[PDB]
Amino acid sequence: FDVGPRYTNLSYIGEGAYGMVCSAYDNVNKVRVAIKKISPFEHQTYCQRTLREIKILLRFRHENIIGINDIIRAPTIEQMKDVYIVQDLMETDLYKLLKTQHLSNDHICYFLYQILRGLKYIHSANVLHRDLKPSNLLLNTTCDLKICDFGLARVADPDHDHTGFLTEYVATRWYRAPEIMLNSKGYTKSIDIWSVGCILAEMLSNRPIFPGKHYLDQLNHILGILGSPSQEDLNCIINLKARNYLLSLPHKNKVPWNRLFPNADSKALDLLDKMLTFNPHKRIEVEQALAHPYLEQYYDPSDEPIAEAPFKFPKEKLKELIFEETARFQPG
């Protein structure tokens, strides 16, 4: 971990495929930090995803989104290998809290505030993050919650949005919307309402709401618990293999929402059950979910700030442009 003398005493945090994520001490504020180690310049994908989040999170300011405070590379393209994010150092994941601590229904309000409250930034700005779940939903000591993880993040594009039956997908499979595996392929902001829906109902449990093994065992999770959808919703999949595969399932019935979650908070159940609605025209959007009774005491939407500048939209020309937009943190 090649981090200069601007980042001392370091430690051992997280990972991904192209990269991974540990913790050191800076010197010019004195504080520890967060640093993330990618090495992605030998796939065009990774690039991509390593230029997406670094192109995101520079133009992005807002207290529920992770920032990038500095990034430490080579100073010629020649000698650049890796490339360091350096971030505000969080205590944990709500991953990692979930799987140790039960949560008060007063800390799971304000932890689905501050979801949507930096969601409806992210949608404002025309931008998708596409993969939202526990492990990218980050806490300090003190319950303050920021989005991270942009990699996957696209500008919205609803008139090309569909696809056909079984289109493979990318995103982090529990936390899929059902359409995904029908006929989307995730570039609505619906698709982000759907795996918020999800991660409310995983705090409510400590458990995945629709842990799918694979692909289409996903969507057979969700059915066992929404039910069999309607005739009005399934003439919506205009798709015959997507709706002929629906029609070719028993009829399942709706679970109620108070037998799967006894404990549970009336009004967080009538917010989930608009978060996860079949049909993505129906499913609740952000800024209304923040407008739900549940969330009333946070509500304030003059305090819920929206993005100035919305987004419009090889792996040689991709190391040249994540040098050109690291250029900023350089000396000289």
Contents of the next structure:
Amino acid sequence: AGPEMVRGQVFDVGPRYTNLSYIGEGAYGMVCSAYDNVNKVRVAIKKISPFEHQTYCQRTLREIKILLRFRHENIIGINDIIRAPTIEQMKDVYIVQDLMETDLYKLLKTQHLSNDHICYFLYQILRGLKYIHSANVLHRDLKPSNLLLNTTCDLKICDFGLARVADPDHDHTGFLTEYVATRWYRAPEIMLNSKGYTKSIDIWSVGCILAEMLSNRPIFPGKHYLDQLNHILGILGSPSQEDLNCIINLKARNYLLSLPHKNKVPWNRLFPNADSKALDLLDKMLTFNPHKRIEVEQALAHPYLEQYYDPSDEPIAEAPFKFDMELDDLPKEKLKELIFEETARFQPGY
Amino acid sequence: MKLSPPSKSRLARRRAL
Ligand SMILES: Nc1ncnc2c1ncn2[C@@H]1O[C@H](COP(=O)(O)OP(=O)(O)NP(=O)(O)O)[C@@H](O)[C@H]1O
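Please move on to the form solved in complex with its partner chain, as the form solved without its partner chain is already shown.
And the full complex, kicking off with our chain again.
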């Protein structure tokens, strides 16, 4: 009897949420399903315990603030948040969301998607990304494990802990050396540069995801950034000097420029069974030069997606997203305060 | 998980009209 424990750790979410079952874990959160005794349906709950780490505090604050503000059919919402009644007592945060049945990472282990499924999932990814980008936000960490899916083929983007307002002058080292579960979906410029990131980094990630839906293998795996870059060069071919002028560190640029020449591999040789229209769009997303990648609006208008194209039903944000202040240089104690404030509206009897 | 055809999805159904 008492607070339920899952896979060793307490999920202090009762009495409202009970009968917990493990779903899975990311690098930061443990996720369970739970029965909501108020609305009489099962929900998802992610427990994070961020407060001893400034970067984990950043993730928690960003994800909560952004997801509470955003409202879109292809983006996961937050319905409730549970945490302690005082800042001193607060060690954990529980984010309650609609329960989705699986994620694309899990599904691709089990099956090869038909072209019809690929097309509709890609449409939804881009429709959701259009909304994100319209708020002047970069997700920065799109990957199969954060594309949530149901049996009805509904897709929702989640996992906004790395999302940032677009700012090409913002110089945030930290990102390059911070642990994440996978780097295989990262654009080349963000494996090397600590500033100048644009929306095109997310288009690169979507390209990687499309390629992986076509083949059920990651397109650019690797043990680390140099190995990954060799995988990229081995498919796209050697970048031109102008392609590589987007790389800031001159010794990194010179290293890349000195590598043995590689020819481009035609997409239909890598993916001989793929829809030619899908490959055309893929080709336009996976360009080394960030400025030359298709952007989200023109991508939605690509012929591959024609059956789903409708600019009258692809909502955008009402305004750019804004953080009150730059989170990067705030101490974890200040971030904890901001998290406490942002979650206050969900306290019982607020 | 067994996926239904995309045409059964609500957003797809809106597009089919
Ligand atoms: N609302 C949800 N419904 C069903 N499954 C979910 C839901 N939210 C998260 N998941 C699953 O839980 C996993 C981890 O969630 P996520 O939000 O990515 O956690 P994280 O540890 O904060 N970040 P990360 O390491 O990038 O995965 C996902 O990959 C999904 O499998």
